[PDB]
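J.: Chain residues, written in single-letter form:
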Amino acid sequence: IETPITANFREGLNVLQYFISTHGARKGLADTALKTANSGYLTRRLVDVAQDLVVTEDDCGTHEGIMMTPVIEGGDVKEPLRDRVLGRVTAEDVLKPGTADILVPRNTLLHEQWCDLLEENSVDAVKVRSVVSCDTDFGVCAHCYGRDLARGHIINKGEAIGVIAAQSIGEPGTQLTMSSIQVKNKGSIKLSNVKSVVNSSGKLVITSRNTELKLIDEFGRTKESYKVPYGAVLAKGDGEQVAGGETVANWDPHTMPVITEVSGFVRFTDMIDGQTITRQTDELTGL
Amino acid sequence: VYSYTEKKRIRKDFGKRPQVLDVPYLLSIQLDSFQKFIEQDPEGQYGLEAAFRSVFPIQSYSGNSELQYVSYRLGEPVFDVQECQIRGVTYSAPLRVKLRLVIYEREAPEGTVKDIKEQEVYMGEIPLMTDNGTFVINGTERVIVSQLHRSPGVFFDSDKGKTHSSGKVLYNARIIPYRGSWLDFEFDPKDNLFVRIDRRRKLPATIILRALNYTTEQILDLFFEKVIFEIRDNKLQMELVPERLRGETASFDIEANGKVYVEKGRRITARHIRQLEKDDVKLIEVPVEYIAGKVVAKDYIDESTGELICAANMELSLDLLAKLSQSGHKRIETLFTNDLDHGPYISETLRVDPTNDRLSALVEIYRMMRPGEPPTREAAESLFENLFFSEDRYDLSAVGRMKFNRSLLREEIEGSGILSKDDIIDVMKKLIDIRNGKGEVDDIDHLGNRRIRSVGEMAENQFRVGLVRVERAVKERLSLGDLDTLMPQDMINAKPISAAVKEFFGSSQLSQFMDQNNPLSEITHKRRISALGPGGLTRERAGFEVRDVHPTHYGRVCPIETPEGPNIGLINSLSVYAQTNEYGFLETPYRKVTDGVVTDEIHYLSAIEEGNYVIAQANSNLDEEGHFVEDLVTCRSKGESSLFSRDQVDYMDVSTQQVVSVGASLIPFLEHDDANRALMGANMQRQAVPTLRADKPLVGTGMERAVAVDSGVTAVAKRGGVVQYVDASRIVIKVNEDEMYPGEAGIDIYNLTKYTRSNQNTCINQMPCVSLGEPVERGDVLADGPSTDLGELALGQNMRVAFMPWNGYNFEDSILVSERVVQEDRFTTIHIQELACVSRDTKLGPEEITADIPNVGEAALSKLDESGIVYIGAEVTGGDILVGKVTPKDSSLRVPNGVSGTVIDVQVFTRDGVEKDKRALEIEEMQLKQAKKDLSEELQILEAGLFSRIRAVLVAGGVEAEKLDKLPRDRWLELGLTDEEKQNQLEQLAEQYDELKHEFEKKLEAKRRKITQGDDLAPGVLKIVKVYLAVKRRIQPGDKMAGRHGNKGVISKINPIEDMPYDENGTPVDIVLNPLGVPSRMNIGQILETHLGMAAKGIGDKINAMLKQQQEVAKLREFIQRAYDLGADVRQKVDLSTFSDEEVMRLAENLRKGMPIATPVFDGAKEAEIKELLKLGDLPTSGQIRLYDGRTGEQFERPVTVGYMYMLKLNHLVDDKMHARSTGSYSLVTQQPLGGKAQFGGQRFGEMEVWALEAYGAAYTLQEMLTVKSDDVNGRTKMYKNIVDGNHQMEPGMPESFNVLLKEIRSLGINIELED
Amino acid sequence: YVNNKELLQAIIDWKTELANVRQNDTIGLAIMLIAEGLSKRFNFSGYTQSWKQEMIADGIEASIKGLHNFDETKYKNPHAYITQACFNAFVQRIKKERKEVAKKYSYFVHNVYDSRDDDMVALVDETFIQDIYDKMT
Amino acid sequence: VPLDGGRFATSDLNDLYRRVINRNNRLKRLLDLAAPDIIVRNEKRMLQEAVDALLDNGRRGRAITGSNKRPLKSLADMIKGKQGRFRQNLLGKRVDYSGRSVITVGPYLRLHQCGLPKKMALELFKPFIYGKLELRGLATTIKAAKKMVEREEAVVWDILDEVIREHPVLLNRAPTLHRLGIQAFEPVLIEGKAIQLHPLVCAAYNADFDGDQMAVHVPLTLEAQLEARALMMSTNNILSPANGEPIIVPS
DNA sequence: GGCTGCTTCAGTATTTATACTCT
DNA sequence: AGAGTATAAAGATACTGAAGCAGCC
Ligand SMILES: [Mg+2]
Ligand SMILES: [Zn+2]
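Residue numbers (the entry's author numbering), protein chains in the order written: chain S, 755 to 932, 948 to 1056; chain E, 2 to 890, 915 to 1341; chain D, 10 to 29, 37 to 153; chain F, 253 to 503.
I should point out that these hints are in silico values taken from the structure, not numbers from a laboratory. Any given hint could turn out to be false.
Stated by the list, open to error - In silico DSS-like pairs for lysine-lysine, Cα to Cα no more than 27 Å straight-line: (1) E:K496 - D:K112; (2) D:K115 - F:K321; (3) E:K864 - E:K161; (4) E:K1048 - D:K111; (5) F:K384 - F:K371; (6) F:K296 - D:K111; (7) E:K1242 - F:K296; (8) E:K864 - E:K639; (9) E:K1328 - D:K120; (10) E:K1262 - F:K398; (11) D:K120 - E:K844; (12) E:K890 - D:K112; (13) F:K378 - E:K503; (14) F:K332 - E:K1078; (15) S:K832 - S:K972.
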């Protein structure tokens, strides 16, 4: 509604405002009821599908895993690497950013000590073991799992991880509901999946769709990331530092730039009115 | 001026707005309904007359034999209310209907009646409504909740959104009768048009169209327009008016009159349309290609061959055109078509129509309704005919007709109850026009599309059903003419009518026990609008859209008072001023805002008359002249809210409280509170259990009179007079003179009701609020029910409370309570469990009630008397015999395990014609001793006037005043009186005396008849004995309490008096709340109230001191006067100068414990006046004072807030919850321990508990929690033995419910077994 | 309904055949039609589809068994004949069912030997009332 | 009639069975009447329909209702739904040796103990009490012990607070969302009818004190006691197994 | 003839008014 | 337990999925 409620619970809401607040409140209450309703069914299905995973080994004997890396939504970071691997057995030994200088062995359980150790050394990503790629028939090995998360040590051999997982994912359920690149930080730039050309206005326009910018800090850990579409004019090339406030590239979202990436000529060939094209005098400029 | 029951204790009333409409009688719904259900009325209308005139008169199978209706009447209840309440019968009345059967001359309709025969017949026995809108069904007291359903008529639904996921919307139309069958039209993703009946399989609409005897040419003539082509020199120039060409492209050379208007390829502009229209072109050349896709309306016939040169609804062509022009046919008729203005939706359906003639359509309909039975002409004919045009199987009540003729924008509000062809046609036309875009769908939850039933309407409908069955029967028996012996009685029966009425009242979803533990729970169980039951929604079926507040609820339903839980918004409770319109639509008062004044000529407005004007809001200032002092007024016009001028306004609300219900119009400082918490507050306020002693609310809303008066627990004077004899269980008032008619000298005798088990096992007992020898007037309260006080409402006790943490004993929401509350016993309550035992009669003879029962020691029998019944007053614990009863071989009524108490009353009923006991004779004779008393009193008060006349005649004739006072006053005629007219007068007055004596003997003998008699019982019962135990449970750690502002809590610790925070003046607090509860649960009211509370008590201790030590009355007069003015320009304006210098002392004696303060909801008291009142006392305007500890005596820094808050007590008493179980009763199908507290039931160890106990490595506890402790039969016996023998160990075995599952599957053809 | 005249011919034919064994299916269909029609009377067709089907099957078997004895030389209407047969079988079935229900009640009301205290009144002194109400027979 | 006190049920299977046999019997008798095969066919149709409605009602077009229009429960419907043997009696069953009450605070408690009203504790541990009595010789027959306990003589209380000494109880709340909705304790006797609860643990239970209720269970064998003491005790579960954050945050 | 968009259906969250006569 | 019996036309969930089925290029 246009007009808001310009009073508070120390003055007195007059009638209409009390009415409107009432509407909102009852909506909330009905939501809560049906939300408990749905979440119950959801957690039931969850506990049913797993229902049987029991840690029946100690090491499945594999060297696979996921490259755990801190998540970044493009601007601020969403989670430091310390958490994602806090208490999870790494697959292979990790190297300092002094390459060929390991920092921790290959098959060690990463409690807080190694967490801070990797934290200061500016480590970026680690191939950590996982359960999705575990190598066990009828169960999972302990190491692939990690730490019990209720006791500061590896999970023992026999615990029913499936049920605790189901319950943990389901419980909070009732709490749920129902341009350009204006970089602000200072660091090195990296490009990814690049094909481009320097324009007739001095700048370099990128002309692919797998393109992505990764802004590293001075150290070697990525801090920002951004998407640039087919044909966006970068202000700066790779490797150049950048300050906060200024853009690095901007395109036209309201059209599809389809510049060619060679030198030559063009024609009005295969463009014939009546059957293929139409005569059109521009209704804003005229050309 | 004030009622004399109010000058005892006035209430200081804030609020500045002068009210103009007194709150109406809060129970007008039930009474005003059951009034228009039993009332003889002309012109049919409502009531029974409608049911009769809608079934009667009936005639035989052309036997010239009729059975017609004459009149009706209701005789009388054989019993007054209370006797039905006691015996266990239905307070009811008999229906005598005057009927007549007539048989005309044989083979002569015009002929004379061969014989008339009239009679009056007993049919059915209908219950009656007390003066409190209730029924008494089997002793108990029921009530019929109103219902909220969808009005009868036609609704144009949209069904937007998820239809086909393509995005295109649909439209559909439902026509809903009051009784009959719905009919549904609906479109298609393919933009076709379909019909279905009773939500069945689909069909094309042209089916229904033809089955009304419609030819295809008639169809096309009705729906579409015409475009004609006429032979010319060339090209078939078409007659035309240019209106159909606005914005259309020029499919040819738009040229006429020798000049071009629009070139082909260029669309004809609206300006070009205006040019054409001013030019008035009519004929235009048209190429023969442009007329390729036109469809022809009416078929053409050749002249010479006389053939079908063209049919109806045919796609035109070139050769077809040539053949048509070949047969001389100048005119050619096609349909004008478009795609945004006149969509062609009928033609396609006609093309997909698998039917051409009416008969095949009727066959199609029959098959879609009845499968299995092949077609049959007259069968399907009658089926379709009576399915929608039978006066019997289909009806729109007058409201349906109103809604129908209004939705179609017609004006005549009076029509038939059956349909009509033109009406279905107009439905389809309107649905199409919606499909084009002229008109909009209707919203469902709107309150112009729903209506409320009542008890009258539902009862009347059940009565119609009964009449229908009886009518079928009596018509049958009229095909068996045995004349001159068939009076109109043996033809008629009454058993099905009575069965239907009794089955409705005594059992339904809309017939509930009265929720009776509060003078408010009642008055809220009768203003309940439920949207469930028959013809309504369902819990797991209703949607999120009806459950919300619509902007049309403003003044017709409370938005904040609904039961939270699995059904919100369904059982919303009616508003305060909400009437019911003539047809069942709610309405609301508003005030005519004429040119510049706000007069008081009020009007009621429904949900549709309102949505046109602009209504101001309640709180809008104006200066003693009508004119708004402001110039821009807030208003709400049409589901909106915005500023408006000083002249646009039309109406203005009545009073600021007309938005909330009554169950929440009591909470003060509502506008200073949340919404969730106010909701929980009202829903708790309807649960307060009546305590031992009642006490006024220190700070209230000024709406506590009209809740006690308008409910029934009080006892109110019929007519005024002067009190003459009060007594702890009865009041007798000598009526005034003019309030006394010539007969019935008259003294009202109110027999107050003592301890009587209410519906939730809580005593009620009115107590007198007057004393011997004081005036009363009509309507003044005399006795006070449970939870009333001096005429006002009082649900709980107002205590002194301090807001601060205290060592965590009020951690989350717990409450801390002193011992000046468990000692003063101000939260104790009385409970009344009733038990009954009956003497049935099985084989081997019946059972008896002898005080001699077998194989039991004397110790038990000690409390039993000779008859076999425990004495009144005995104290009984669990497992004791109260009535002896021996079976033909013991069946003695024991005490239910767990409960204690002291017997307070015993009842005994005997089938008249069974050997009586002693106790029955005792209760009978005492009832006689009490019953003679009132008649004796009326007797002796009446005898006075006769002897007064005796003295008046004896004064002339040598009066001797010194002898007429020697011998008894019956000797007032024997003195010396000469033989004059006066001696004849003496004889006449003596005969008058003896006549009155005969009358009173007759009355007392009629009472003796009604008492000493037996009574109709359940045949098979010899005697029925009833015991009334009673307990007094006080308070403990575990009970629940709550304020009025949604702040509930479990009392946790009972505190010694010397540990409580006491202020600098020794006075300890009672209760220690928690402040953390406020800032999140934003209920500021509970704190703000607490300030005012203290202030009020401050004026109490200012009088108590002024009055305890003596003080002249002039000072108290002056001080109370000051306290009563105390404000801004408020409405109260009471002056003690008019009082009589004595009752002032009474007023002070009532105030002396606090001056009660009123606070209208949205006209409350501001902070300035709260502080002004606090200053009139002496307390700090901050409202916070310094306290001390009681355990250490060291001051609390940070001054805390103490005051007086009105605490309740909710009846979730812990002893009703606490429950355990060692080993009890198993079931038979599956030997799992039973469930519940009534039975000795175990606990529910559900799924989730098994998941959780499984997440731990807990593998043995999970085992024993489902094999030994529940089901393994051998295992659990061995477990009991090993537990007694000090050996904690188990032998698991295999469960039993599993083997049940096996034998249950294997009982199907499924071989399920176990391997090795 | 079905014609009254053709049934005469069909039954005469089958009776002549009996004088030589099975009925023509036409008269069987006619009997089924009339039985199912009477099923929709007002005094019946009022309570439940679980009984009504049993009544109809019983009446059909009764009328089939009883058509063995139909006088052909007199009383030329068999409409009323079949109606009466199915009517009688209907009422017998209704009696049997009602008495089986009363058996359930009478077994109930004779069991006050359970676990423990606080037995009801209505729920128990109402089954008795129905347990006696049909016992008026 | 099942006859589990109070209301009497029907055990509706009987009804169905009867009808089947009924029609079956009827069919046989028509094979002794040589009826028009249209009627034998109609009877076979009825028989098929009846057997079907018995095995799994509602699967055929219309379900049959006994009264109240409530479709009667066929055989298969004793296994489907929320109420078949599976979701009602094989997974979650009711249990003996259990109780229920309202809860309160008692902020004087340690972390590994909870309140337990004297009445309830007396009712739950009864067979243990009988065992100790018949061990000490304070009675001879079981009924002697029962009457002794019933008169609540001053000797039963020392026996009680003896057996309680290290006998853990399991407390539970209604919606058992996660693993920390059921925890073990060692109880101390209380003069009331309510359960004391350590104010730090009312986060795992998500239990306010607006009148919530809780259930009490009692392990019996050695293994269950050892497990409740070493696994589910309230002083072993301080780290929410979802994420290792502590769950004993003072609220 | 295979491929494809509607279409229909299946799955989930106490308490019932009336032979007759034998035999 | 059985058996002869003769007017009668007597209804507002909401969402998801998978096979079936008419039709087309
Ligand atoms: Mg709560
Ligand atoms: Zn592994």
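J.: Evaluate each hint against the coordinates.
T.: Cross-check of the supplied hints:
1. E:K496 - D:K112: holds, 23 Å
2. D:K115 - F:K321: holds, 22 Å
3. E:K864 - E:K161: violated, 75 Å
4. E:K1048 - D:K111: Distance of about 32 Å is beyond 27 Å: violated.
5. F:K384 - F:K371: holds, 18 Å
6. F:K296 - D:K111: This hinted pair holds, its Cα atoms lying about 25 Å apart.
7. E:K1242 - F:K296: Since the Cα atoms of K1242 (chain E) and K296 (chain F) sit roughly 57 Å apart, the hinted pair is violated (cutoff 27 Å).
8. E:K864 - E:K639: Not satisfied, since the Cα-Cα distance of roughly 74 Å exceeds 27 Å.
9. E:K1328 - D:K120: holds, 25 Å
10. E:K1262 - F:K398: Given pair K1262 (chain E), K398 (chain F) holds - Cα atoms ~22 Å apart, limit 27 Å.
11. D:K120 - E:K844: holds, 16 Å
12. E:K890 - D:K112: violated, 31 Å
13. F:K378 - E:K503: Answer violated: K378 (chain F) to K503 (chain E) is near 50 Å, above 27 Å.
14. F:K332 - E:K1078: violated, 48 Å
15. S:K832 - S:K972: violated, 33 Å
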